[PDB]
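Read off the chains here:
Number of protein chains: 2
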Amino acid sequence: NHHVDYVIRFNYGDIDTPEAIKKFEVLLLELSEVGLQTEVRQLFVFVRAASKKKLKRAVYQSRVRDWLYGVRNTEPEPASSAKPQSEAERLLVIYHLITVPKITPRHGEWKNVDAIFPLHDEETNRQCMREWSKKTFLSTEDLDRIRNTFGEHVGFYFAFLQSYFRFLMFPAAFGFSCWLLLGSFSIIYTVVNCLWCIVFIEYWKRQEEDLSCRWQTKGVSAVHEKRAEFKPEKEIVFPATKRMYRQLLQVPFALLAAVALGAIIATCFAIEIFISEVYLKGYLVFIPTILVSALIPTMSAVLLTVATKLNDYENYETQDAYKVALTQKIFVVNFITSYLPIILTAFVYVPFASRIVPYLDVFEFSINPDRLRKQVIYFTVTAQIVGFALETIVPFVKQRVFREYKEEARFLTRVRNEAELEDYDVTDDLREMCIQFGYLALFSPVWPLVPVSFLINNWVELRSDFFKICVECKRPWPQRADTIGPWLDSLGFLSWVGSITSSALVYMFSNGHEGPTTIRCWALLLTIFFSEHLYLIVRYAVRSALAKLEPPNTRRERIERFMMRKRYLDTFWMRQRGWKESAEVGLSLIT
Amino acid sequence: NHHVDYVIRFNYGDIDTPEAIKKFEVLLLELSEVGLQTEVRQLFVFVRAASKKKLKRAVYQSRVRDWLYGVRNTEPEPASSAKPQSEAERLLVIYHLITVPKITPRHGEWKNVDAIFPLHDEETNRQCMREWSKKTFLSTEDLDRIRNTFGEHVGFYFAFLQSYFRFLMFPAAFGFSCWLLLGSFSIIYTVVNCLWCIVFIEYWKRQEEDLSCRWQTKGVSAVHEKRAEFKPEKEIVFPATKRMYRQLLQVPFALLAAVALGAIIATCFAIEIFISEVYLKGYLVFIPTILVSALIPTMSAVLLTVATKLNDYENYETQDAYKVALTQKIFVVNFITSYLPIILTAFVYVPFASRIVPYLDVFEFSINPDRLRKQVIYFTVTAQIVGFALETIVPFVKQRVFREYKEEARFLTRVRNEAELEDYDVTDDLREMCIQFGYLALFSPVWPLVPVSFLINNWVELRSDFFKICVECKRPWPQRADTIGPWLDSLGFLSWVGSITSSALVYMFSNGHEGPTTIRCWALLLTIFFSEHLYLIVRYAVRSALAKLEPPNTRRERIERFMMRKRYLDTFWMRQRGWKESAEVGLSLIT
Ligand SMILES: CCCCCCCCCCCCCCCCCC
Ligand SMILES: CCCCCCCCCCCCCCCCCC
Ligand SMILES: CCCCCCCCCCCC
Ligand SMILES: CCCCCCCCCCCC
Ligand SMILES: CCCCCCCCCCCC
Ligand SMILES: CCCCCCCCCCCC
Ligand SMILES: CCCCCCCCCCCC
Ligand SMILES: CCCCCCCCCCCC
Ligand SMILES: CCCCCCCCCCCC
Ligand SMILES: CCCCCCCCCCCC
Ligand SMILES: CCCCCCCCCC
Ligand SMILES: CCCCCCCCCC
Ligand SMILES: CCCCCC
Ligand SMILES: CCCCCC
Ligand SMILES: [Ca+2]
Ligand SMILES: [Ca+2]
Ligand SMILES: [Ca+2]
Ligand SMILES: [Ca+2]
Numbered sequence: 013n014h015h016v017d018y019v020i021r022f023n024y025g026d027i028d029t030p031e032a033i034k035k036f037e038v039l040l041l042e043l044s045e046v047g048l049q050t051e052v053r054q060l061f062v063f064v065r066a067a068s069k070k071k072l073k074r075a076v077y078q079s080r081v082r083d084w085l086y087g088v089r090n091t092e093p094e095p096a097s098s099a100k101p102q103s104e105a106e107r108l109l110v111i112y113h114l115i116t117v118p119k126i127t128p129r130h131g132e133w134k135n136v137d138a139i140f141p142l143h144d145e146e147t148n149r150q151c152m153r154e155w156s157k158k159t160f161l162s163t164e165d166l167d168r169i170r171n172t173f174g175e176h177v178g179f180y181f182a183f184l185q186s187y188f189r190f191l192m193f194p195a196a197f198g199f200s201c202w203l204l205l206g207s208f209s210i211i212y213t214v215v216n217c218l219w220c221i222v223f224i225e226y227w228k229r230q231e232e233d234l235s236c237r238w239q240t241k242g243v244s245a246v247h248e249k250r251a252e253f254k255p256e257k258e259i270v271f272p273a274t275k276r277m278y279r280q281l282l283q284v285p286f287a288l289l290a291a292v293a294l295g296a297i298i299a300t301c302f303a304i305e306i307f308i309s310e311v312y316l317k318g319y320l321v322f323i324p325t326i327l328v329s330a331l332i333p334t335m336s337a338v339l340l341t342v343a344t345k346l347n348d349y350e351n352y353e354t355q356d357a358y359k360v361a362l363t364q365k366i367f368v369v370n371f372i373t374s375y376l377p378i379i380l381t382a383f384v385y386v387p388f389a390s391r392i393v394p395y396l397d398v399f418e419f420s421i422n423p424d425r426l427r428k429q430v431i432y433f434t435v436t437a438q439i440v441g442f443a444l445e446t447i448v449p450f451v452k453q454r455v456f457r458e459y460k461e490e491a492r493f494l495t496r497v498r499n500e501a502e503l504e505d506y507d508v509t510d511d512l513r514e515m516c517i518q519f520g521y522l523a524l525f526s527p528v529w530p531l532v533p534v535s536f537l538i539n540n541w542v543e544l545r546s547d548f549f550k551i552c553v554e555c556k557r558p559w560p561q562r563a564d565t566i567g568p569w570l571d572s573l574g575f576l577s578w579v580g581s582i583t584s585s586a587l588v589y590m591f592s593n594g595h596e597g602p603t604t605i606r607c608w609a610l611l612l613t614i615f616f617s618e619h620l621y622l623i624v625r626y627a628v629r630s631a632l633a634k635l636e637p638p639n640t641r642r643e644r645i646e647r648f649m650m651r652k653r654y655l656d657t705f706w707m708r709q710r711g712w713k714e715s716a717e718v719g720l721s722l723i724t
Numbered sequence: 013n014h015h016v017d018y019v020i021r022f023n024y025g026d027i028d029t030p031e032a033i034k035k036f037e038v039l040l041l042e043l044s045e046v047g048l049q050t051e052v053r054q060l061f062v063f064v065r066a067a068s069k070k071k072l073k074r075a076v077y078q079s080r081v082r083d084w085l086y087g088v089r090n091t092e093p094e095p096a097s098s099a100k101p102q103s104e105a106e107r108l109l110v111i112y113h114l115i116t117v118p119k126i127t128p129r130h131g132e133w134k135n136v137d138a139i140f141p142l143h144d145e146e147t148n149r150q151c152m153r154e155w156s157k158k159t160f161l162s163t164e165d166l167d168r169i170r171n172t173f174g175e176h177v178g179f180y181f182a183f184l185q186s187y188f189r190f191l192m193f194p195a196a197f198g199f200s201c202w203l204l205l206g207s208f209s210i211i212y213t214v215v216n217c218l219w220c221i222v223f224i225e226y227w228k229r230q231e232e233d234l235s236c237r238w239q240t241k242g243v244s245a246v247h248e249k250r251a252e253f254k255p256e257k258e259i270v271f272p273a274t275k276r277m278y279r280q281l282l283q284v285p286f287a288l289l290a291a292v293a294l295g296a297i298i299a300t301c302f303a304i305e306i307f308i309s310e311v312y316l317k318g319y320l321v322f323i324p325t326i327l328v329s330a331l332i333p334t335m336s337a338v339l340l341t342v343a344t345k346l347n348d349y350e351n352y353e354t355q356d357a358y359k360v361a362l363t364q365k366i367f368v369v370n371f372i373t374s375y376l377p378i379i380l381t382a383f384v385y386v387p388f389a390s391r392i393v394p395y396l397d398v399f418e419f420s421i422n423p424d425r426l427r428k429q430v431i432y433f434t435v436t437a438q439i440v441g442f443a444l445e446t447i448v449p450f451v452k453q454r455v456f457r458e459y460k461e490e491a492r493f494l495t496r497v498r499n500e501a502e503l504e505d506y507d508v509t510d511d512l513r514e515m516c517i518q519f520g521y522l523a524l525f526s527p528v529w530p531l532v533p534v535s536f537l538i539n540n541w542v543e544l545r546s547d548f549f550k551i552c553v554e555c556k557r558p559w560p561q562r563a564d565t566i567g568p569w570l571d572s573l574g575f576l577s578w579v580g581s582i583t584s585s586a587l588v589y590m591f592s593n594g595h596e597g602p603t604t605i606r607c608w609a610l611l612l613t614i615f616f617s618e619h620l621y622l623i624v625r626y627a628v629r630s631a632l633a634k635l636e637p638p639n640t641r642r643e644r645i646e647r648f649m650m651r652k653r654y655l656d657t705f706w707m708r709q710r711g712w713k714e715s716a717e718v719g720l721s722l723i724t
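Residue numbers (the authors' numbering), protein chains in the order written: chain B, 13 to 54, 60 to 119, 126 to 259, 270 to 312, 316 to 399, 418 to 461, 490 to 597, 602 to 657, 705 to 724; chain A, 13 to 54, 60 to 119, 126 to 259, 270 to 312, 316 to 399, 418 to 461, 490 to 597, 602 to 657, 705 to 724.
Incorrect hints may have been included.
No copy is singled out in the list; a pair is fine if it fits within one copy or between any two copies.
To be verified - Cross-link-like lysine to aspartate or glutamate pairs, in silico, DMTMM-like; alpha carbons within 25 Å at most: (1) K550 / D165; (2) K228 / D571; (3) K634 / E232; (4) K556 / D167; (5) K634 / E252; (6) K550 / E164; (7) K634 / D564; (8) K70 / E92; (9) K119 / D656; (10) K275 / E225; (11) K34 / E45; (12) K634 / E231; (13) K257 / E646; (14) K652 / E92; (15) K34 / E717; (16) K257 / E643; (17) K713 / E45; (18) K119 / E258.
Because the hints were derived from the structure by calculation, they are not lab data.
Let the hints inform the model, and build the full structure from the sequences given.
Structural data, given as structure tokens:
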């Protein structure tokens, strides 16, 4: 309540006598530029809009600026009827009316300010957290409500997850038939799956071209806020050619992550085989479990600081390209810590365990035949439950218990209890969706009921993720995007390898595993070359098909830019006696 | 001379008494719409511009129309200083001032008119046919001269061929070292070749984005002339969804062309092996040569009429998409009649001739070891000479001899001698360049001196193709394009397979051919999977590198559309006493 748009908190780090001076500078610069800077702090500084006229100029100066960079594409309405018409759109102007240069508190670094965040609208969360908890799919008018608050970068998540949930009803039905009627490893199911994983990619690439155009946000790559942490050396900047000689260093980082995380997973996989040989039994089972659940959360956390100390080398003048180039350096960790402990089961054991059974240095064997099937149960069913309680229930209990040991203006506690909470990142929430797409592409022929396990998940995960933004963490400031970003390029790579891994897995499991038995000459490498090249000419056929059907929300963009230019537009021997005698020459010619 | 812009000829087919009437209609419709329709025919009708004012309106009505469809992107200059400033640009308005509906003679069909064509400017051909016959590369000011006449669709050919000639100096030097120092089949040369074939593709895709922007023609896909041969069923048209159920029939056509042309090439290859067995000797050599040089020119000519009777099924409302969709149906013939007689040598003989020697039904054998090397000489060296004389010298003699047996206004013969000539097609001229790129990608490790054979060719072929447009065939009317078209998509496919075919050819020629000897299990299919997947992550690295460096002619497009929109733009508990008292609250808080 109380018409607050943002708060601005303070750290109290050092000696107060320059901090008296710095408090003026973070307050003089506001009141010279925005209005009604107020504090009933303790320290956090409230901020309002200035007037019902100085705000209306700032909305018009923003609707002009994205127009002439080629986003809005209509004409900007003037300051007479310049109502913001959206709660997220008004909060977006104010944050650009604070964060931008030429105004900055520079909220992360180079000053002494902790965070800037808006306040929740509790009465419209409570009437939606219970509203679409009953429906099985929420409508386009419901998704625009998640756009008119929380910005659009949060809005592309819940529309992706909705469109992911809507297409999962086809493999969940068809995989149910292949489980109940067929057995596993069926040659029909692994073909329909890879044909399914093409259409969902090529539908969503067409779907973003509607939804980033219907929300008037197609082309925001031109309009990105700059990073303060940027070191140019010229003026009207940094040469992009010097990036390529320094982004080339990213490839020795990817070799390092595959060789450091590759060892720790292969070590802890080798030890838990060794209890099947030698073994006290029940005590020693959790010895590889302790080591793998403590080292790769630590070793990956080392590789974040290596990636961060690498990513701040290359300058990346825009804020978006910094977050994208960091995320593409983390997916090589996320590919290798989540798919390697099941590649190493399916492609090492059942090929050969007789070669690696006589090596007894970590102090008769038939293969336990369901080591693979039990392990693909563990992520897609079990870890979807213990991962549900760990991101929603357990941090909700941690924040509730923490307030209980602590215990005209009562909401100054409520703002203070909101200021303690965490801060949402959609990139942290897209990686749990992009990776679990991998198990549906890479390892679905083992136990074909895995799309049923994600169908039940993604209905609940759609609600629990809207739960955690409203009551568990603070409100994200409204951020704009024209796509989900790096993941769409990586959701297509992850279905590439799913065509190689599946069709190689179907051939060996032709009614016998037997870990030197299966032919590889005309069989294994041939069905990889043939299946994967049949993958490519199908996605070439689907992508070239959907590019010929433009959807209506982007057809109304091309027509509307036509009408804009329509309105700015609106602001010597010859003697044959014309044609009546020239035709008389032709009538004379008859032979 | 004589200020003629186009001529319009006539057929004299049927009985003259409605042809008296039809002569009025093709002349009344001109003089109501254009000026100075004149004939000193025999029949062909001259046509001029109307005035120095009615022409200037038509140039302005064309510069407006491509602007508001988003091509010209500046503002159109008004009719005061609306000089056409180009010879091809003035002839382009007149042809659209004749051919377009709502005016049509519809020059191909549904009336009785044969052809419309402009006249050559002989004095500026003669001063350029000898001018750049001395230089080794012609400049950007020389290429604009081939743009300001002959349109732009001819202009993208001579700029592609120039940029192809400029990058061929690197394999011609490096392949000369690999021939003189190394032998054939060297593992270094086949890697640098496939790395070369990526950069030339990814440079030219970046180069068209300059050259179709510097010529003010980026986005002409919006502005295409319609086809008269078009059968809609609605109004404000034909559903594009019905195309996909009928373009699906293109794939059984491609199976038919590979099985009809596949037989005749495999038959005539089998017979010329059979003279190496049984054999009179010298008479019987040319028996497969006669059959293969007479059936595949006939059998392909059948497949044009099948493709044409297929392509007119799907409507293709634009003129460009008809020519593109025909050309993509002919490349499956051109792939299979030009590369199959050397795939079938390299991948059948030296794998196994002992299996196919005992089959003697077409009435000891060591393999003639240079059947492959002598055959790859034949296209890349010999057929480049007998193909030179067959497209330039021999049709020049055919047109010169034909006039000699025949033998105030002398040029009415010159126009009549120009009207007899052939008509140029750039698509017929790009296919001889796109296919000979295939031999440089697909079969370069045999006899590595093949880029020297195309370097000498492409200097001569650049001049002889400019020779044949000026004196051998009539002038093409100025046609616009923003790319070379279908070939750029097919010049990348043709380097895909060149990474598979080369790296498989290096493995079976590791110092022994021996047509069951080479391992294929861990060797042949493995070096295809690894080499080709290393091809893909290199072209992903090159394409993502060049997309980060925008060239200046398209940077001056994005800035210039910014300045266009710049000019159309130019046509309640609160009491804390501002900030000077709000800061006084923070100074009190010290502990
Ligand atoms: C279950 C082990 C038996 C392995 C031997 C059978 C392999 C010989 C038959 C090849 C089957 C694959 C044919 C090539 C792939 C075609 C898919 C496009
Ligand atoms: C010349 C005939 C000899 C064939 C046997 C040699 C094959 C065994 C060594 C494999 C060489 C290729 C290694 C895999 C390709 C790596 C290229 C990325
Ligand atoms: C607009 C949503 C279209 C629904 C199509 C769902 C069909 C799922 C199967 C996809 C083809 C394999
Ligand atoms: C761990 C991967 C290397 C193991 C090699 C196993 C060799 C066993 C003999 C099979 C011969 C191909
Ligand atoms: C579309 C790519 C997946 C096709 C899978 C086919 C696998 C064929 C294996 C047959 C072995 C008997
Ligand atoms: C980038 C477009 C790739 C898909 C089009 C090429 C199809 C490649 C098939 C190659 C099979 C040998
Ligand atoms: C503008 C033309 C650049 C010339 C570059 C030619 C270099 C040829 C070798 C290409 C790299 C393999
Ligand atoms: C023409 C292609 C089929 C020829 C098959 C040759 C078989 C020879 C014996 C080799 C066994 C793989
Ligand atoms: C870049 C793709 C071409 C690479 C060719 C490598 C071929 C390796 C063959 C080695 C066999 C001894
Ligand atoms: C269309 C983009 C294709 C290139 C990017 C994907 C790279 C594929 C490499 C897959 C290796 C297994
Ligand atoms: C080991 C996997 C390394 C590559 C991860 C995917 C990065 C490419 C995305 C297109
Ligand atoms: C036998 C070759 C058939 C395919 C020819 C290439 C058509 C695809 C172009 C991308
Ligand atoms: C047989 C090759 C087909 C390729 C189509 C893109
Ligand atoms: C090892 C896979 C690398 C893929 C890079 C696109
Ligand atoms: Ca989850
Ligand atoms: Ca979550
Ligand atoms: Ca030629
Ligand atoms: Ca030619």
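One pair to classify: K119 and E258, alpha carbons no more than 25 Å apart. Within, between, both, or neither? within (16 Å within a copy, 54 Å between copies)
Taking 25 Å as the upper bound on the Cα-Cα distance, should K634 and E231 be classified as within, between, both, or neither? both (16 Å within a copy, 23 Å between copies)
How would you label the pair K634, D564 (within, between, both, or neither) given a Cα cut-off of 25 Å? both (21 Å within a copy, 19 Å between copies)
Are the CA atoms of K34 and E717 at most 25 Å apart within a copy, between copies, both, or neither? The answer is between: 13 Å across copies meets 25 Å, while 96 Å in one copy does not.
Reference check for the pair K275 and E225, CA-CA at most 25 Å: within, between, both, or neither? Between copies, since 20 Å is at most 25 Å while 35 Å is not.
Is the C-alpha distance from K713 to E45 at most 25 Å within one copy, between copies, in both cases, or in neither? between (77 Å within a copy, 15 Å between copies)
Which holds for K257 with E646 at a C-alpha limit of 25 Å: within a copy, between copies, both or neither? Answer is between; shortest inter-copy Cα gap is 23 Å, intra-copy 39 Å.
Cα distance capped at 25 Å. Does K556 pair with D167 within a copy, between copies, both, or neither? Answer is within: at 20 Å inside a copy they meet the 25 Å cutoff, but 61 Å across does not.
At most 25 Å between C-alpha atoms: does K550 with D165 qualify within a copy, between copies, both, or neither? within (18 Å within a copy, 66 Å between copies)
If the cutoff is 25 Å on CA atoms, where do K652 and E92 land: within, between, both or neither? Let me know, please. both (12 Å within a copy, 12 Å between copies)
Between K550 and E164, at a C-alpha cutoff of 25 Å, which is it: within one copy, between copies, both, or neither? within (22 Å within a copy, 64 Å between copies)
When no copy is specified for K70 and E92, does a C-alpha distance of 25 Å or less occur within a copy, between copies, both, or neither? within (21 Å within a copy, 35 Å between copies)
Hint check: no violations occur; every hint is consistent with the structure.
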